[PDB]
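Asks: Single-letter residue listing:
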Amino acid sequence: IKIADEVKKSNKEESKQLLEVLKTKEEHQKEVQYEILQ
Amino acid sequence: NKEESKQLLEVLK
Amino acid sequence: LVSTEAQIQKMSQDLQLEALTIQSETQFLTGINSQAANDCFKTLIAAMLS
Amino acid sequence: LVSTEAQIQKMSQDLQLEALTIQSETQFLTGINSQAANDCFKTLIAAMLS
Amino acid sequence: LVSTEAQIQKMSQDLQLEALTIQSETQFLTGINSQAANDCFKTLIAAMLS
Amino acid sequence: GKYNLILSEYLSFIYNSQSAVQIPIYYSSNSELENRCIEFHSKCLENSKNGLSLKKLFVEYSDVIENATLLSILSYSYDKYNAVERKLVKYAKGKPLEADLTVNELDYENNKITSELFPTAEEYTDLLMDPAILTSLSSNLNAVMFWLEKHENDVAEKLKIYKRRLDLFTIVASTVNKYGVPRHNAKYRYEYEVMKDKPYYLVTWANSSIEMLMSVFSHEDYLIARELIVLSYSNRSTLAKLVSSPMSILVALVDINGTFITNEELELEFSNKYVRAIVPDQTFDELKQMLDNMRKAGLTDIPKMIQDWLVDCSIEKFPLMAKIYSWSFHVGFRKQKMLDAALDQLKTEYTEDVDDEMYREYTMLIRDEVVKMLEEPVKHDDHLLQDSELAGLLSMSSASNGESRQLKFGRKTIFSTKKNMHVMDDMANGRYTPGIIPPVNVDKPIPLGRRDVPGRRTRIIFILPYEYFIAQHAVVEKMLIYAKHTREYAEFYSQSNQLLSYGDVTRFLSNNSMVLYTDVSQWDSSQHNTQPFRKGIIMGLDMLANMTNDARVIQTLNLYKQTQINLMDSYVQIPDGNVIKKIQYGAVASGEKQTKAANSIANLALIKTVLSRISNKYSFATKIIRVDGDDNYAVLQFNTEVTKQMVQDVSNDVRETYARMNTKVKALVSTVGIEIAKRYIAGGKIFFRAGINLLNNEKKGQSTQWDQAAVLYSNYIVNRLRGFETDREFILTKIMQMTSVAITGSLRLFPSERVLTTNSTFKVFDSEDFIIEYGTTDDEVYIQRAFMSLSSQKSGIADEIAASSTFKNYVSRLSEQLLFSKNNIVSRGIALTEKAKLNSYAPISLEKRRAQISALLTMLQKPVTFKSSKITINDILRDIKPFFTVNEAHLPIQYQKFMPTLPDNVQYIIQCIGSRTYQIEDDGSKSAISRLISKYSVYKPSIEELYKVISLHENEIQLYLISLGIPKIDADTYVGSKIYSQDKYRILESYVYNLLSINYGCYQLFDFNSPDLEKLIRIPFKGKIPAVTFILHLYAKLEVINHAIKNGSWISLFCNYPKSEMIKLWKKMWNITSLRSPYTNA
RNA sequence: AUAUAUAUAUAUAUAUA
RNA sequence: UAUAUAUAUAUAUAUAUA
Ligand SMILES: Nc1nc2c(ncn2[C@@H]2O[C@H](COP(=O)(O)OP(=O)(O)OP(=O)(O)O)[C@@H](O)[C@H]2O)c(=O)[nH]1
Ligand SMILES: O=c1ccn([C@@H]2O[C@H](COP(=O)(O)OP(=O)(O)OP(=O)(O)O)[C@@H](O)[C@H]2O)c(=O)[nH]1
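Protein chains in written order, with the entry's author numbering: chain Z, 62 to 99; chain L, 72 to 84; chain P, 346 to 395; chain S, 346 to 395; chain U, 346 to 395; chain X, 2 to 1083.
None of these hints come from the bench; they were simulated from the model.
Among the hints, a few may not be true.
Pairwise CB distance ranges (calculated) [unchecked claim]:
hint, chain 1, residue 1, chain 2, residue 2, range
1, X, 983, P, 377, 44 to 54 Å
2, X, 823, Z, 96, 45 to 55 Å
3, S, 386, P, 377, 40 to 50 Å
4, S, 378, P, 370, 22 to 32 Å
5, X, 321, L, 77, 51 to 61 Å
6, X, 829, S, 382, 31 to 41 Å
7, S, 370, X, 1002, 45 to 55 Å
8, S, 356, X, 550, 26 to 36 Å
9, P, 390, S, 386, 24 to 34 Å
10, X, 2, S, 372, 52 to 62 Å
11, X, 941, S, 386, 21 to 31 Å
Positions of the beta carbon are idealized from the N, C-alpha and C atoms, including for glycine.
Working from the sequences, and respecting the hints, build out all of it.
Replies: Structural data, given as structure tokens:
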């Protein structure tokens, strides 16, 4: 979270996996707050 | 006449 | 400086960040960039000289 | 009070919640909001006073 | 040579390569091919000979 | 593409005028090439509007021809008169075939002139000769004449295929030209005013003849097609059964060298046993009388082929004998009158001198089988027998009822016959009794229907009322469950592959064993089926009325008894002329719900008795008795080796003992192979029937031309895999005429290869045969979304009926009977089932499909501009495809071929990776709600409704579960354990295993878990993202076979799929559906 | 102005004011 | 020193079969 711009516009694979792991954490942290409302 | 088809068939070929 | 693209890429393997698991290790990578490096080398020195 | 959007986000890291399973620690966060702490403070004081 | 498609598969089972995790074991497989096997056998013999 | 090249030469053949022009239409995925496509299509419409050519324009716009792909070809044809007969006289060289008249035993089935066969105009029923396919004879003759000019100049081998398809065309063309080509109407129905002078059965003869001469490849095919085209003009009745007769006998002559086998839990092994074929001299005297009945019928080149094979009796030349049997069913259907088909079926001779000592054992064996099937779901009060009125009505077949009733649904009144529409009327007018079933006696008899078989005499069928379905649904759904857990009934051996299911025949075949396959001459209307079959079942429901204690399991078991009391005497209602003829028929009713679950009881319990009476002379030990309605076999294992006299004296003791129960039969025994279904085990190699009429349907359907062009191709790929090679250049010529659409007068629109062969609703034929190809290129996934956007159409008939006061009074009377609560997620979920159930009505589904195609014409006359970001199946495979690396690899031929009639490019896959060993079941997991709802209530909800339930509140899941009938402690153990939260990840994963098919027309034959396909597929393993792992090892296993069929060579993949692209694909696999998945990309 | 039963596998398609 | 459990969604059309 709040990752630098040199990583977001990157093209290596190891800097693409990091973005698609921090994205599925914020897509899971937003989902456990919805499960409480269930 | 049918001169157009031999020029149109080889368009697809 | 060590490149901030090639440092969080190296930091995220020593942490073993795991997707689908809310860890307290995903927050170690906040604010790591080359613009807050030259903003903390200066605040530590310019406050000392004044 | 402590902001309930940031109290869960700290409590959901000490617990280390994992997705795609059913753990007994996603139930530790239910019923935590500011409408309830402000209602359990009164049900303790006003039931002792009467 | 041992086939370079049949060796990275066996090298991905000796390690525990798993997705949804940033491992430092993903980089154990880069730069393995038969063009770089005939390049390191040559630049070791031909550097010692000259 | 190859199909586009056949298109532009079909246009240059049928339109040989200087007024004719062809305008290609193009589209592309590029936004730049789309404006290249709009300007090109505009100029060919303005330049060809006023007499300007296109050779100066195709060079200027050659940036769009070689790069974009073809969408359609427009055709301008200012031709007033069809030029079929003008180019028919070029082939009309031979003498015309004169019909014969002494060859049939009837009058209408003879080949007479229609003026002499029907005296006036009003009594002209075309339903004896009607092909009922949506093509014509005038369009078939253009499909052969196109082929006979493309292959005129040929090389020295392909000329003899062309020459043999020409002398067989002069037989057809010189007969059609004598009377002239018949002119049809717009409904493809041949009227009387055109068939006044033509001979009857000229359309259905020349349609069945053109189907034959587009399959004549070798000289062994030409001698059959020469002696069937000439003869099928004369005798329409006897010809299909005289040629197809000795194949039931010829299957018993071939030896067994190495055969397949299936073990007890159904899985495939290979055996090597050598078993002789032992036939007595009364088989070669029954085969000579089957070869003299084929010589009196005129044909003489077929029994010379058989008698040149009888001196060999070898499996190497048996593909010739299976070819002769399969060409017999292509002569066309045997349609006859409704009166002569029933009155020759409902005539039977009963006899009071039958052995009554054998019936009281046959009645008891039906009694002890009905009790054996329902002793468990009646002693425990089952959830489906207690709701027999509802589970029979909520899942109600909507095919037809007996009569035509004037149904009134609000404003729009309709004349329908569908069965669930009769339930909606009678539940609205109050004339519907749940516990009273109507009596089928001399008052209110049974109506009739017919089903036509390509070689058999036209049979009748019974259409019982709808109240004989609600009485019989719940009990017989409990008898099909026991038929799937018993080794005798043939609902057990019913899988996708055919080697697994019909391969238990060759398990006990040895040299001390004798197999026994018998076919009763007619299973309906036998003496042993009128009284001793009903009273064996009524006795079985007396002992089952004592097993339980409820007032509701007895009451549904006193209705299934009442439908057998009422059918012990029955009457059929068949009209003729102006009188109605009521015929008494107390025998079994082919057409109930009961007609297959109680043809496996009544035939097993019969053959368990006739195998008991032949054990007074020969002492044996029977091994299996498999029974499938009438068609059954029963392996007998002896003490000594089986000789030529034990075969003869068992075939004389099963035929005679069946005659002691007044059941006329022929009883065949062998030691090598049987003919159980139409699938024939011969010499250890399964041989199939392979007869499907392409250009002749048995009845007109509820479908349009764009759907009947798909079943012309689907009847060809089954015909090719089974060993009947029809020419692909004729099938492709017949798709370019059926998918023709006339926009205006003198303007036809022809779709290209990319409209037909793509994977969408508008699919007709695959590009290369036997394989599905999901096109991952950007010009082909972009048009799939253009075809998946207009498949959702609404029909105005189904929405005028769904808002009526009758249909709402049926759902509210069905929702009140099911649930004792208030919730509307089922009333809105039942009403979506009967709106989907009303697609069986003909003008509803026709106005669905015509709104698919008339909205396609607006998409095909213009270049497509529809850009949408929908996730398709063809978008998943665009992200997998650049990460495959192919490498050529060699793989030997290990396994043996078991079906010799397969083509060469399919048989090479079987010889390398093996036939299928076991049926793979990888359907994930059913959700935990659907195991909780389907166990208490009989309401089966859709999986898009159970996801809607989970996303509700915690207190609204519990209200939904209690609504269906679940108790409180069971739902509160569900909801309280938070396993509704785990079922979000089992519904969303249930659409992944549904996606890609390991079964198809061709993919069922191969072994996908073979250790020779797993050697070529080299994919590294990642522990997480399980959904992606399945679709990688399935698409890799399909890509090697889709390459090894097209080119005959094997490739070995390597998919180092990175971790950053798996998690991008993991959310693409969970967002195919239209529901809220927690993980999306963007 | 308009007739096509039942069961078993298999494939294609579909769900939304 | 520690890496969860569980086998028959529905409807219509189409072909093979009974
Ligand atoms: N018009 C029409 N053409 C058909 C039909 N079926 C097939 N065709 C095509 O039309 C050709 C034969 O000519 P016709 O059937 O007389 O069709 P046409 O040229 O439009 O002439 P008309 O039928 O009088 O309108 C065949 O080659 C088919 O490609 C049909 O039902 N109607
Ligand atoms: O459409 C059908 C076909 C068949 N059946 C049921 O299958 C039974 C066996 O179907 P068969 O085709 O074997 O009957 P059959 O013995 O009368 O045939 P032939 O020897 O005259 O050629 C029939 O008697 C009927 O009970 C149906 O119920 N519906």
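Asks: Kindly indicate which numbered hints from before are broken by the structure, ordering the numbers from low to high.
Replies: Hints 1, 2, 5, 8, 9, 11 contradicted; others consistent.
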